[PDB]
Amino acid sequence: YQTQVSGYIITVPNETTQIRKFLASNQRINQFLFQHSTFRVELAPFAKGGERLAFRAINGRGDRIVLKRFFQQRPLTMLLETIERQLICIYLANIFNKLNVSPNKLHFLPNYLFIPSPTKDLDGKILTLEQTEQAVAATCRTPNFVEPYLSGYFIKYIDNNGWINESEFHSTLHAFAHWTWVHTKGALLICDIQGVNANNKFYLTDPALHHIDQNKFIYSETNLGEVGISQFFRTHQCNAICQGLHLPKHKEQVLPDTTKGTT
């Protein structure tokens, strides 16, 4: 069974600039673009786990998407952490890919929000966080997460606590994680790197972000702060991609460099 649902897709306008600002200063994203949209959505969830339900849908531009939601009500600001995290990961991977130090390219799935609406008057408009809260409230429903559909064999390559998948080792992914800490001057590290490998491409989903500021990602269960950063580096070996990038090492690193895998 399926029905039509109409409402607003909610994204962040000028992502790069917003994210650059969020990282550098300490100011949360306060600008959200609303775009009217109609989805065809399955009534029955095809999967659940990691604390949340998943529904197949078609975005009417015909693309296959997945609508996700936590089991019960959550405040907008909690859900926005997932979005802010994903946007950081996309920002970082885009720069990382632009370095062209590896044939393998990293692509985190876009994540946005969807709320149903009978009306379309906010179409194309940019709203503050508070105005977005009011648009959400008017619906009186928890927004859904939306992400493109991803098929293939899903692998967890690195977790958020120093664990490394051995058989499916990719030096590109490990160097990326180290690099995220270097690029953000020690402030955060991206891990829980997991998704699908095909054609020199990693399609990555549900990452974790450790931040040294105890007030930055307060709802995230996967953010272990400075300890999670230390945990990554205790088992990290700088690889040929790290070396080619001349990444400075974390003072917890003790293991010797390795040159298995890419480059």
The other form holds:
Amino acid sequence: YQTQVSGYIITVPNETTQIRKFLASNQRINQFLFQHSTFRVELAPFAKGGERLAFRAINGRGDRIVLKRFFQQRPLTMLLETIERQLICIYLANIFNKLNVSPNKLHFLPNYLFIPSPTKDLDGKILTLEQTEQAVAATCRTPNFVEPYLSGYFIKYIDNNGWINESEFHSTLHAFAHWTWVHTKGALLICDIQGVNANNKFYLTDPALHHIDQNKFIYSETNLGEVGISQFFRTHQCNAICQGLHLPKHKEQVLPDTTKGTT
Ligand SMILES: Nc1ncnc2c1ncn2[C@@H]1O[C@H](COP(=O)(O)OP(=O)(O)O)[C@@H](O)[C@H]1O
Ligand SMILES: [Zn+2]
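So that was the form deposited without adenosine-5'-diphosphate (ADP). Now I'd like the form solved in complex with adenosine-5'-diphosphate (ADP), please.
Below is the entire complex, every chain and molecule, led by the chain shown above.
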């Protein structure tokens, strides 16, 4: 069974700029674009995880998407952390890809929120965080996450604590993790790199993010601060992509360079 849901997709306008600003200064995103939207959603969820239920949907352009709804209410600012994290990863990955150090390209799945609405008057408008909370609360529902459907053989490549999948090693992913820390000047590290690999393309989902600032990604269970960053680097070996990029090493690195895998 499936029915129509109408409402608003909420994204961040000018994401590149806002992320670049969020990263350089210390100031949260305070700008959210609403776009009226209508999908067909299944009634029965086809999967659950620890925290939420997963429904198949079609978005109107005909794309296969997944709608995710949480088991019980979570406040907006928590859901927003997942979105802010995803937009950091996409922003980092786009830059990294553009370096053209590797024939493999990284794509984190887009995440946005959706809220059901009888009305379309916020369509095309940018709202503040407070205004977004009021539009969510007018609904009295926790918003859903929406992301493109991903099929294929799913693999966890690097966890958020120094573990490495050895038989599915790709040097592009390890150099990416290392580089995220270089590009953000030691502030953060992207790991929990996992998803699907097809035709030189990694479709990646649910990454973790370690931040040196305790006050920064406060809800994430997978953020392990400076300790997480150290854990990654203890087992990290700079590979031919790290070398090609001249990545300076974290001081916790002890192991010698390796030259297996890409390039
Ligand atoms: N394309 C997709 N995007 C998101 N989730 C998907 C997708 N395809 C399948 N799923 C299913 O969603 C399940 C649970 O979703 P997940 O996001 O992990 O929920 P939880 O956050 O509670 O762990 C996954 O194990 C998988 O079975
Ligand atoms: Zn390295």
